[PDB]
Amino acid sequence: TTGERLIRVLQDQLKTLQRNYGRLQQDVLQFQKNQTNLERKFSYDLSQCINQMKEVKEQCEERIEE
Amino acid sequence: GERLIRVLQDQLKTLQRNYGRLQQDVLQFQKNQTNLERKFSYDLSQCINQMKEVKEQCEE
Amino acid sequence: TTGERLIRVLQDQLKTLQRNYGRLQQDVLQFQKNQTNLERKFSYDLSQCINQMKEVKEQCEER
Amino acid sequence: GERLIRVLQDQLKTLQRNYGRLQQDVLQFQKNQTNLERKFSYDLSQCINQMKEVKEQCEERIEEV
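Protein chains in written order, with the deposited numbering: chain A, 110 to 175; chain D, 112 to 171; chain C, 110 to 172; chain B, 112 to 176.
FYI, nobody ran anything at the bench for these hints, they're computed from the structure. Every clue listed holds true.
Here are the in silico distance ranges between beta carbons for each label pair:
# : chain 1 : residue 1 : chain 2 : residue 2 : range
1 : D       : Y153      : C       : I159      : 37 to 45 angstroms
2 : B       : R149      : A       : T125      : 22 to 30 angstroms
3 : D       : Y153      : A       : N160      : 16 to 24 angstroms
4 : B       : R132      : C       : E170      : 51 to 59 angstroms
5 : A       : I159      : D       : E167      : 17 to 25 angstroms
6 : D       : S152      : C       : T125      : 14 to 22 angstroms
7 : C       : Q120      : D       : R132      : 48 to 56 angstroms
8 : B       : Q135      : A       : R128      : 41 to 49 angstroms
9 : C       : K163      : D       : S152      : 39 to 47 angstroms
Heads up, the beta-carbon is just placed ideally off N, CA and C, and yes, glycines get one too.
Could you put the whole structure together from the sequences, leaning on the hints where they help?
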């Protein structure tokens, strides 16, 4: 003992370390995998806005009674 | 005897501090990206709904 | 004029769209800023990892 | 008359290309984000992998004395 006691605190610090880091990994995995559906949603909405803009232009240009 | 263990104990407390900085950098980035996305998705929706309104103004 | 009332509505709406574009441009600029910032932080954290690794290495196996 | 209509047409068309560039800048930013995430995962893992080599090294050495 006395040196076994210190070694036990060291084992404790290491497994607290390891468990925290493992928890962070799956938090990063959670976030990043969930990011994909959002990136696709923005991409879609930006294209649609660009397409509606194109329909707007054609129709307003048609609105010529001048 | 050999207090390499007390050195290691010191290094693990430093490594725990540095993990703490890494965890807060990652989590802060994630929190800001989610808040900015709420705004980004609001502004995209606004382009869409505005463009719907212009179409019907030009269709009457 | 029916046409001159629509012209005023179209010019008001063009201003709102230009505003919308600038908010979208500022949104994308902020993604760029948050990202490069994280790249700078992560660069520092990685260096702290490698260099404390290197030194625990020499601390052990050489007493 | 169509002077104001001229410039409404001009401003709209310049806006349409600015949204176009906007769209290309989002696709590119998204993609670089993905690549930075992946290189950063790889580089931290290489550091952790060397960390673990030093653990085994330093646990072999604690009880050698």
